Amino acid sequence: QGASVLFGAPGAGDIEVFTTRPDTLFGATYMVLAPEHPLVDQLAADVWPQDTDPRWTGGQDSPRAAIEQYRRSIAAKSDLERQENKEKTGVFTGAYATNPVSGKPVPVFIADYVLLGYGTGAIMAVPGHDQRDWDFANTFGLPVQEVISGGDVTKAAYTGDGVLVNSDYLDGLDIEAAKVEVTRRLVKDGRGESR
């Protein structure tokens, strides 16, 4: 029903996520990793790229500084404290992963509501069609992309039924067919499997 999805990160191997909505993969506009994720240190960019939003930096000079300050601000928090967090916190790593189907860049964030041990340690965020993502995106200014017609993503995530849009060669497909097509492409390209 769902899918495991591998996002390529330059020079650092793969970031694995699990999603129940592989059909929304063209709508993934960012990734969120657990702050303790083993790849975070390698992903940290030398400088903030020009597309960095000042709400993503913690006010720090560099990705490394933002990451180590964030890690310290959350080190004491319990694991339910983190996962049910009503406040959205996080920082940008500077890094971009490759969308395994569309090939587009996906900025990589860390945030304490993602935890090691309770899942893959990374999620793919589709704010257009996942309310939790919509709220996190809303506080930081992350992009919000509609890929399922039928709602209004400027106001809230659309979790209902509709056909695919803004999804290249998936355009017009039913959600159930798009789920399979994305899974089969991942399998064929060695970038995931059904789960």
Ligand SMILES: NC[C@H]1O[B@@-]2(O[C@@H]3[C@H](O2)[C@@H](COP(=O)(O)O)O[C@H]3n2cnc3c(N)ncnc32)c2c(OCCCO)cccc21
Given for the second form:
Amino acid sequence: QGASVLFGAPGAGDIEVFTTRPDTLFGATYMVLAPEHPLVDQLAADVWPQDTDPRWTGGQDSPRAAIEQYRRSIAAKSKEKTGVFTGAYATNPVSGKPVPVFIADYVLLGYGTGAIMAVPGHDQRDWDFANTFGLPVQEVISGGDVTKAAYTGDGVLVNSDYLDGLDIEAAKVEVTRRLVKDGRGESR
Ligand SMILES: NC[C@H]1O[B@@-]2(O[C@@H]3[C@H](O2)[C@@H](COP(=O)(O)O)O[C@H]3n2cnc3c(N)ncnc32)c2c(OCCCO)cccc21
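Please could you give me the other form, the form solved in complex with this ligand, since above is the form solved without this ligand?
Full complex below, order starting with the chain above.
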């Protein structure tokens, strides 16, 4: 079933996410917090990082500016995917890779922890946001074509280290076991 997963981020402690597909953790290429999530102000960087995409900034000169205008954007005129980058990168808890942290109103503050891991290869909501904003799309479930659409079907784990070859249900169990031993999550 589901899991609580911890993504460490510099200066912000852990960002906890709820996922029903922990098996897809090696395909989590970014993270999304609800715009009013309390850690966002802590996460905002002082300077857009080098590899910030201009589509990520709301056209603003700094992370805090983009965040403020995006929040303001949610009040005015309060569909398509919108959001901004915070400047922050969290540590993926199974691969160690950097995952950029966004805010976007498709993530509800009041559901779960108010934060998700985003797996565009296998969640069409995340696929849509990644295709609008230009985020990497990683296949970890064999069976479709993640360059055309999220693959939500059954298949075997790939590009996922000790999960490779596992069926999805077995992969959920194994990744959760590893998260528990590593202090990085639990079943929920
Ligand atoms: N996103 C990557 C991975 O994780 B998913 O997305 C999170 C989390 O799992 C899921 C939790 O929904 P349920 O409690 O009903 O089970 O919704 C999403 N979610 C959790 N909290 C959220 C929030 N606050 N706001 C918006 N979405 C949220 C997920 C999928 O969800 C399919 C089920 C959607 O109803 C399918 C494939 C891959 C995944």
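Positions refer to the first chain, counted from 1. In this text, rigid core is short for the largest set of C-alphas that superpose within 1.5 Å between two forms.
Overlaying the rigid core between the two forms leaves the Cα of residue 117 displaced by 2.1 angstrom. Its Cα shifted by 1.1 Å, residue 164 is compared between the two forms on a rigid core fit.
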